[PDB]
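Not every chain is included here, but those present sit where they belong.
Order of writing sets the chain letters: A, B and C. Residues in each chain are counted from 1.
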């Protein structure tokens, strides 16, 4: 793992529309800060309805019949995606640093893990461009029918900071692969990662106006991209709240297609037969990976009575072993949160549990002064009524209940309004298959966790989301399906 | 074609929940009327939040793990669907009559066409139950992944009267096939068709509480089924208005999955090389089939200059040849509309065009006294600014513009906020393929129209709809996709 | 289970070509016998090159463009298949009896199991007729491509007696579904089952000359159907020997497509953690189901040392519990073999093991006088060098080795030239997935056996077979794939 000791510089801070770095009409530029240190990083600009509208207009152009981007052979879309990927891999070092300096994330995590993931989505999605096929339904009659999988149109993507670049990639890969044009709105907590990738797309040679990024504060662009009368798909990844907002506006605009992957409270279910060693390590990443800021974080470990206490032991034991240090520092297994917003919130949640008599086995507070560091916390004896068990503590905090039966645990996990993921640790074949099905989640993990690959479709059940991403199924959201039926004369089977 | 001279009787007028004919809590029962005669047919009941909630509760029961309906082998779901189909075909005669007496529709159309269609969806969907398969993604790592296509849960279906039974079937086929449980809310203009089919499902042996129908006025159940905190999918087929309503509530409830197939203004594009004979006949069904009450009605025929007038001639010529008579009378090619609502509206639209200087080549008014009969109308010299060219005249009325180029016509059709369907009549290979793609519709028809088969996916682009129906793609809306990843030891390709 | 005490009558004994019961040119009619009693059942006829050629000619007619069978909408092919299925289910009783009286098979097995299976293939395959679709490859260039899945042509099917009707159905379902025409050659040991089904197809209304059956001795028709210069696919299910014969002639005729599902020696691998109870019962059906005359019979159980002896105990224990009685007698769990051929052979194999020092724990000989009954036998301490462990003892005989490691057992099973199936009994998740993959078989069974459903593709690896059957993959053998590429003008994505 190379280290970019080079003081990371922010090369891009402006809006990218028509492959050109515009500015803000109001001339208003918001400020980005290093949450690991609280210092300011730079002054990216802030978009508004004008810029969204501006870019959306760019999109329709890119998407028009006989455009450069529509007549381009699909294989060539794939060829271009592969280049962005290859370009991102070349600049990996820096791009990895710009995520840490702005997302506050262990570098080993934003290099050995994140940027690699981003490249691999674009690589996968590239090889899926020329393989999205139609059908030739053997209809009845002397007619000949065939479905065509065709691009939707302009796609608006609202991303969340947690994974500044991975989700951008998870959304401009399936999109650009199927042939759609994207207006990307990156988050406020972190605008740098994307703006930079936009420059690499331009080097890749993507046509002018295919991928338009409109960095800028939420409320504003949101309603816009999500109510333009020219955008057809709004894909939002963020918290449930903003989500009902985006979907509402969707109806109240054009019935545009809406795929939203909100979050959830996911349950781990270690069982008497589990290899506690394994369950302990993986239950650990589950809650303390990226400082619990992954929508798939195990904010609810249920351990069977038999092995409740033991689990508790190592669980907290390893918890304290995390290091609230510098994401830009080696050996650091935990970084800042992200901002006073989540930061204060996290602490508040920690407090609530305390009030609720949570078994605060560790942490409970913050570490250090400048920046935003919370102390790897743990709450034993959590009950299904504790707030810590009813909400997304999106942050480092571990809650751990106790169950005595299989039916009870699967019921006590499915008693939520969420279903992004789950972990059943077991050493039994029958349990594995029953608890994997009885659980209501989009992705269940048996004896592992956080294992998400591009190939595998990912999304959420219930109010955890809408649609899927990655996979072969994530290219179903960005392609409409035109049936054409011709009147041939005699139709022979 | 047999004729049910037998005075059609309304056997069912009450709510079907848990395979039992309940009543209305308020004891309020709405009245259904024969639009062909305006006489009342019977007194079906009217549901409310209580009954919706009642039935939704029935559903969750039906859908529970180890339920009778979930442990049932998929093949058996198919076996049961095939029986409903076979039962519907046995009772065809009557069931055909109950649609005419309540939908006001030519019997030849509700027998030789509609009921046949209804059976064939259920037959198709039945043979799709045991063939919805997952995958075994060759993921990276020594892990083994597989996607499972699993039932969503309780599905709420809001149907429109136009096709009282076909859409019920288009929605309880893909659903019941994939294993979901349905709470069906039929329309007010016509509750009889469905309630009856519900009885046939019970004879078919469908478990108790799988298919619950809650007949009842719109506003009420609507918000309910569409905001229950236990229904997961709301599929609505109706007008755009109610649609943004259902989707907005969706977000403002559970982010439940929402597939809505609203309507559209569809364009026919007869061209200089077309076989006017063919184009004339098919452009005729396009607008005057089921009294223009098909969301795919050609409310916009564009004829190239060369053959504008000629087309106009036969077009109107055949128009007058339609017969505003008795849907329950043989030889009648047109029946009542449906109710003063659409009836008055239709006439109003007719008037507006008159005010707009539409070339009222025929009709313009109503025919007969009792019931709701409009005179097959036609409006030549329509312009893209005439109201008749900007709205769904959902009723018998034909509008006919004139275009001089291919680019112009395809632009003047794609200049709408709709895209359910279209008809390009041509005798040229290149046109066919370009105009079929350049057009923005879910279903384009070349040299034919109204040709919709179950096998072929159907839905709408733009604000014409959301998702698809029928097809192999219509079983993509009712199945969620669970990825399970196991940690095997060594993984060999 | 109803019982057809009615003295089963053989209604059909002649050749079915053009939906008509022809005879034999030579006038030669072979004799069929009841192996349960050795009495003769009737005198079916014997075909020859003339009759094969005769029927093949019928086929080409049925398959010609604009034929009745080619212009028939696929849905209608499915509709017709469903009727044969429904007809077979109506006559189930008798048809079940005609298999027992001729195959010598426990009635409970030829009713509660076999005929049910036959119906379910035809039901499945029926619902697969209208869903075999092409694609619309997004090729490069301004061209438009689409693959059409089209019928091969006349298909020749050589069946084996063991499952007289199930394999006929496994071959005239995928075929008739995809639209091909079949010339079926049934076995000598048992011609009745099929000839009868042919009559039911005719009642079903299948066109005249679609399904032509040419009953008749092997050698003769074989080379014919398999070297006609008008048949395109020869699907043979039988022993390896005849198979290399059919394939060699294939090349030496027309390179016709050849899918052959020969047999194999399949290995069960019970392990220390297995539920011996379960493993014992299922390992039992594995070898003594249908008198070991199933190509998937466990002629090789490997038990780990730990639980070797115990397994041996119950294994033989239950073995003796089988009853060499009357297949047409209730309570009989084992019937005759099939004919002196296999009968003598079986006994010979039994003897060879004895010579090899097999641990003859039970049986070893025949039971009763008339007919062909062998005594449920068992051979402990079998070694990988014993003939009983190198050949298909296609008959009741159980061999049981002992293994001490996982690697060793999976190696000692994969050391064959076969791979139809296998059974890994385990209670461990990791073993299950590794031994299921490490094993070289088309169908591996974990903790069960003989579980074969229509939906699941079935065939053999290595010299155990060629291609697959059932499944969605079994409609890949009977459909060729025509790519058509048109030169459209501008091609927009």
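Points worth noting:
We take it that contacts are C-beta pairs under 8 Å (C-beta built on N, C-alpha and C of every residue); 3 or more make two chains touch, one makes a residue touch a chain.
Summary of assembly composition: all chains derive from one sequence, 3 are present in place, and the complete complex in the structure file consists of 4 copies.
FYI, only the chains that are shown with their structure count from here on.
When every chain is reduced to the mean of its CA atoms, the largest separation from chain C belongs to A. Ranked by how close its mean Cα position lies to the mean of all protein Cα atoms, the top chain is B.
Chain B and chain C have centres, each the mean of its CA atoms, that are 45 Å apart. The distance from the centre of chain A to the centre of chain B, each centre being the mean of the chain's C-alpha atoms, comes to 36 Å.
Inter-chain spacing, taken between the CA centroids of chain A and chain C, is 50 Å. Along chain C, residues 75, 130-131, 133, 429, 490, 492 each make contact with two or more other chains. Chain B contributes residues 75, 78-79, 82, 120, 123-124, 126-128, 130-131, 133, 144, 429-430, 433-434, 437-438, 455, 472, 486-492 to its touches with chain C in the complex. Remark: chain A residues 65, 135, 137-141, 143, 145, 147-148, 150, 229, 232, 240, 243-248, 250-252, 254-255, 257, 260, 262, 417, 432, 436-438, 441-448, 451, 453, 455-459, 461-463, 465-466, 468, 471-473, 476, 480-487 touch chain B in the complex. Residue ranges of chain A in contact with chain C, taken from their complex: 65-66, 69-77, 130-142, 146-151, 179, 426-429, 432, 446-447, 490-493.
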